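The complex appears here minus one protein chain, its other protein chains still in place.
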Amino acid sequence: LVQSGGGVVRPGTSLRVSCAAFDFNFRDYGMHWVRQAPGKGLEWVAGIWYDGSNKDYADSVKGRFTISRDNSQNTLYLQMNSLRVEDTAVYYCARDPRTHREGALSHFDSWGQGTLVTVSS
Amino acid sequence: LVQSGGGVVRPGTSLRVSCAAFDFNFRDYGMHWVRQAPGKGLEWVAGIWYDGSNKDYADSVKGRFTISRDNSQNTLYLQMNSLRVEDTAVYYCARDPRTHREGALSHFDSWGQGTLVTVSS
Amino acid sequence: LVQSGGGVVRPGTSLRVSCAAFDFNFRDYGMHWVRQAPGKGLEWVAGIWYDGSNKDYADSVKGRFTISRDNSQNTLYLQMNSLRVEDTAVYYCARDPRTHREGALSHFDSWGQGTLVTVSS
Amino acid sequence: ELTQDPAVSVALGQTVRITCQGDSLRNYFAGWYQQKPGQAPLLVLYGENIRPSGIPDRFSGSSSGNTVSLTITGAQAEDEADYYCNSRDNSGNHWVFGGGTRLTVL
Amino acid sequence: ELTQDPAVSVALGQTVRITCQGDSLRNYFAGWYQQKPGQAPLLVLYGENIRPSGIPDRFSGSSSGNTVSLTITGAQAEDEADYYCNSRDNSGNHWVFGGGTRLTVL
Amino acid sequence: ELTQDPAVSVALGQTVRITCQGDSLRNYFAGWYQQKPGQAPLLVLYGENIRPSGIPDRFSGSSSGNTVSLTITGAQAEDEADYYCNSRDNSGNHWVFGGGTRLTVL
Amino acid sequence: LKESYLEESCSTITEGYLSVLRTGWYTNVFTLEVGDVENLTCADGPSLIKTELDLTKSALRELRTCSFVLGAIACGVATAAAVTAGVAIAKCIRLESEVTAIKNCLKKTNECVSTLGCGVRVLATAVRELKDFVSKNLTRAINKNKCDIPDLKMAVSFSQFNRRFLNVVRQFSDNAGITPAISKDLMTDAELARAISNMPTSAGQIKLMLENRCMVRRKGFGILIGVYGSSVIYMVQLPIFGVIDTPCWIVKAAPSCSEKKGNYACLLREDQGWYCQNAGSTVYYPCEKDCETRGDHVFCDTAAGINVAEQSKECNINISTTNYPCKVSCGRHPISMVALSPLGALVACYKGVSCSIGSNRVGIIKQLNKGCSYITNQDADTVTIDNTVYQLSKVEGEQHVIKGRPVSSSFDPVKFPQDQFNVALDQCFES
Amino acid sequence: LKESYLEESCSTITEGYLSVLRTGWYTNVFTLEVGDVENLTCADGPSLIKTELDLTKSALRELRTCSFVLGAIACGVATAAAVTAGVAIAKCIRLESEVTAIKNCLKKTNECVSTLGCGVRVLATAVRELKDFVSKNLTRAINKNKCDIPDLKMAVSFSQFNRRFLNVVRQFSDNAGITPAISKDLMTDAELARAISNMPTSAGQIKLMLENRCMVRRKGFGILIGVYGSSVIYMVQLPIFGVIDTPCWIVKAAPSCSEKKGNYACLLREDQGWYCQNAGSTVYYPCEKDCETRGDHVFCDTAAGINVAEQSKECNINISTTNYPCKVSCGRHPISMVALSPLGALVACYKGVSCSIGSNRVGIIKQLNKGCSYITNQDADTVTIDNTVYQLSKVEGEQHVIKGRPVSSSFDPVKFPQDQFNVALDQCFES
Partner (left out) sequence: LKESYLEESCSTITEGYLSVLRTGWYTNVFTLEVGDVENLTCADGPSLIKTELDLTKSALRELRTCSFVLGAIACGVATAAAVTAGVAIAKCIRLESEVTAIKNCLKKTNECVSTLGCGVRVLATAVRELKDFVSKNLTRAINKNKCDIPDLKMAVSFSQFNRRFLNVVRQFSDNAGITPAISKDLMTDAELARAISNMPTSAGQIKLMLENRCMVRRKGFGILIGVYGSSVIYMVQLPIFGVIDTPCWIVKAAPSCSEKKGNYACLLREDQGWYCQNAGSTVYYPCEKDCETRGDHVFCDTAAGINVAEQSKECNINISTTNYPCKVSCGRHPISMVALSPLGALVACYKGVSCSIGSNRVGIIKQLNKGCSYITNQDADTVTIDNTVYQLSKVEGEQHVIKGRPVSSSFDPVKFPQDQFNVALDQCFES
């Protein structure tokens, strides 16, 4: 997974963290973003289904982030606006196993390597 | 297995012979007494079913001997009364295979090593 | 196989050829004659079914030859009348595997070594 | 009342049939016991050709009509013994023993 | 009347398909005979791809429409022979042979 | 909301059960991850005791009521890691992760 | 055999068959000793022994995850009785106190007799060879978790000993714990012979069962009790064919039809199938599934039998006038059909069908007259109704014809309703 | 495929299927050679060969221990014919003089042809491989009775050669001598190909069977003749599919209920299931079990056929007025149900069930009106009745609607008896 777009910016700005070069067929799989503040536990960030429907978000970001995908280029985007200081974390790109959205499974697999996004004064 | 009470007595007396130390779960098996006069063929003596019903006897003894069993100690008894000189025999203790009383099987296995009872002047 | 009667004769005469000493159960198989003029391709000559019904002939011989069999001696006979010089050929004896006449199978096996009826001037 | 011969002899290494007869055998199975002298009887065959475990596969048997037979195949030296057939009476309540064939191996 | 190519050639170890054509093959099966030049015909293949015993797995055949074909796979030196197809006419009482293909191996 | 013990210790080669507690586990399965430092989380168990391929056969899961637990049999030193449970909440849309258990091996 | 054609009703009755009636169940409880296979592990990659040990361990664990139209009426009662008797007995065994009792009984020897607390006598059998192999050989062979040892003889032997165990699992997992028949793997021939010969019946019955054990095997079934420790415990439920050689007969029928000025009337007898006498009572066996013949013997299950009054035989003699209500179906469309019988065929064909009879001597002998006719298997080898050929049974036996005007042509038919499915004859006729 | 919806009776008829009719039986008589395994004995205790030999020698002994509702009517005659035709030939082979004749045929070679005394001609086949191994190799590798020999290659080989033999015994033992279908072990693919090719039918039929040999295999059966010396003899009966590519059609129906002043009147067509036309006659195949579809082809058994007259097709065109007595069932209370069809489904939807149609294109499409309605495959992917869901057959093809008032809404019903099971339509209406 060639993940990029992660660096550092003063708060109140925008950035994009893309996850591409999938080894599996990126199409037909749902995808999710998970983040990890330095040393802290994991937090789920956003989700999307395989046809691009069902964009949904954690309440810490519900108003600000957008999750988008391109099934022709095989790329996943999370685009950040009004970035706040608490948003500094490693962002991981993760895959959804489910065939049907009604299913009971709730794990993720195929965790990408990390993309460190920093926010600083 | 142990068998006991073998000995000699003058005719017209009484004796008890017993069979014990069973290795086969005595509680569920019917049991039989079968005897052998010296050098002569075998004769069946008496029988009992597993719950102690169906006490049966050969006509040579039908008024004299009594067979009885104790399913708590795991011992089997045959009591001899009014011994007569013809009763000189080895008494073997033998086991009945039958699950159901109305079955067609008729053999005995698990023949004990036998108790010599003599009667003489 | 024994095959006999192959020889020279002047045209306009008669001859008999026979096929015998079969190793298989001759009684149950249909049989056929097939002939090969020197260097030429094969021509079917006649046929018979196992019970001796269904005698059939090629039109080059329909009027002349007779096909006969003896299920007790185990011998097959083809008798030639009014030999004509075109009839010079090796005559093979051949077996038909069909269990039922209305079957779709159409091949022969068990070819004999053949005999060389050589009608000539 | 079961009945069988007094004694039978067999040339070593070939078959012999011991036979036991009595009407009740038509209706109840038999049991065949071996008795070498002094020792207690030992079950060699019961029912229609069923052997107790450990009895060598030489012993075998069969029945017809009111008669049952024990066939010793390839009579070995260790087969010399008394053989006693056994069945119940026609009441199904008293057992009986057929007397014994003493068998000897030459 | 069955019809067949008079001669065909194949490179050693290459495959070749001999073909035999005639209307009646659509309704009755065919049989393929090898003939070494001095010797009685020997059945190689019959029916919809069945072989006798002994005939090596190299020989095979197939059919479509009113045609049948014998495919020699990996032609060996021993395959040089005449090949004759035969079948039955539309009546089913008269057999007929095609003028066999003389096959030669280079 | 999922919940976990903040730290647990196990004697080497002894077993240990980590447990994760939360009301929503009645409806949705858990996934178990481990995270050694710096590296991305690696799925170690999911569902009712299914292992991903390549995860050694020592990890096994169990669950009841509103509780799940990951049992490490024969706990090796290479099992020292953070272990995180996650599951969906009763909306079916939002995922939640437990606070993670920092296991350590003595 | 004797076969009577009853032209009163275009039916045949074939009699002289000898009964074999199932009248009970006999239970043998098996313990299959698998051994301590769930501890042995491999540390040295793929190998033969790992593959067979993997198959074993995998089966042992997977095995812990399981657990009036007289025709239809009869078969429901029959199958309900069978399964109920099995579950009732299995429920006594499934208690831990009884499994430990059975194992304590079988600890020193391979067969013993047990009483369950619920008052029933069972035979018990231990099949033990796989534990013998696992505990006495394989466990020392794979000494140090090094499974890829150089001795091949272990791997081949292991594939043989575990074979029976794997087959038993296969048959239970495909059937959710209740098998349809007693496979060779549930009971071997020797085990089945010793089981049959213990059954609670006189010697005559057993000698028949014991020479027909393939049919005994087919009629019974097995139930999984469970996996306890490292032993699989299952039970088999054997048929007691306690009554044999009573008289039986079979009734066959074909549509009997007539004309009156070009409009048909028809009836068909609805009491087809097997009958038997038993101890002076008549039993009717309507299920198609639950009687099977093997030559002169017919094997039937007494649970499928509906009791019928002895007058029921009068429908086979004087159906015109019997006071017993013979069951018939009535209508006015003449169906043409063949109904076979053990010694012949009933051939019914009417307007627009062309029956004929033929032989392997000559393909055609006689075109039949319109109506119902009885074609004796001595008279033709085959009958053909319309481009369709039936081949007759070549059994030998005497035939009779009972002459009489068919009912369909003797009484005036009822005007409404003329078509009636399964009804006493007097509703159809002589209204 | 062309599917007509018949509004007059709430029924669909789908035309364009191609027949495949069984019209005869073909017999191959196998002899399987075990060789003199019964003389071999082992005196080394447990070993690989002893346990394989025990399996072989035991199985060889076990073989010695085996000795008008038109639906039910049709399947009766169908099964009696099959079993009878088989037993009639087995009883002819079972004589000692014939088994010696067969083995005299096959002495030099693996396939032979023989006429039985009863006049049938059978193919005969020798499955000889096991006798070759036992006589040529195993009987010399053992000498004296050394049986735990050092060469493992002998034991592994043996477990392959006897593998077929044990499987044959397994299938006969579980079926009391008459198997339900031709396993791969009774007749292997090569043997089945040679057998089919000999069958007494023209090349067109045979080419079809060879490409469908799974279905030929499924529809035959085998009979055990017996064990004669060390040889098993058994016969296989193969279905002659003598007629192909005649027209067939399938009729489906659903309850045609209709309402009158708040009461209901209902009708269902009973002339339901498969029909095929053959040489200018119509044949009706009412069993559920006989006819099976594979694409356009229907595999059917002429022994199950009932020769319904021509003009029976008039119930598919003008049931209201045909003089043919079209079979219907009548009653008051409406059932609601879905009847599937190859190109659609009929929904009967009355008295307060909720009915709707939907698709994998998002959402539900339409709530349906009450009354019999026809949902086309092209219109919806799914249909649902009261929380149940059905998925429609995806096959494309023409649909037609034949418009017309339902009979249930057009005639006054009979007052008594109103409910009638299986009657001509005129018993129910227009009295």
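Letters are used for the chains, namely A, B, C, D, E, F, G and H, taken in the order the chains are written, and counting of residues starts over at 1 for each.
One rule holds for everything that comes next: contacts are C-beta pairs under 8 Å (C-beta built on N, C-alpha and C of every residue); 3 or more make two chains touch, one makes a residue touch a chain.
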*Just name the one of A:83, A:89, A:105 or A:119 that touches the chain not displayed here.*
A:105
*So which of G:67, G:139 or G:354 would be touching the chain we can't see?*
G:67
*Tell me which residue among H:2, H:184 or H:366 touches the hidden chain in the full complex.*
H:184
*Residue of G:80, G:95 or G:364 in touch with the missing chain, whole complex considered*: G:80
*Taking the full complex into account, what residues of chain H touch the chain not shown?*
152-153, 156-157, 160, 181, 183-184, 188-189, 210-215, 217-218, 255, 268, 288, 292, 294, 329, 331-333, 335-340, 351-353, 360, 385-395, 416-419, 421
*Which residues does chain F use to touch the chain missing from this display?*
25-29, 47-48, 50, 53
*Can you list, in ascending order, the chain A residues touching the missing chain?*
23-25, 28-29, 50, 97-105
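Rule of thumb we're sticking to: only the chains that are shown with their structure count from here on.
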_If I rank B-G and D-G by number of C-beta contact pairs, which comes first?_
B-G
*Measuring from the mean C-alpha position of chain A to the mean C-alpha position of chain E, what distance in angstrom results?*
69
_Separation of chain E from chain F, taking each centre as the mean of its C-alpha atoms, in whole Å_ = 71
*If you average the Cα atoms of chain A and of chain C to get two centres, how far apart are those centres in Å?*
89
*Could you list the positions in chain G whose residues touch two or more of the other chains?*
197, 202-203, 206
*Specify, in ascending order, the residues of chain E that touch 2 or more different other chains.*
27-29, 47
_Chain-chain contacts as defined at top_ = A-F, B-D, B-G, C-E, C-H, D-G, E-H, G-H
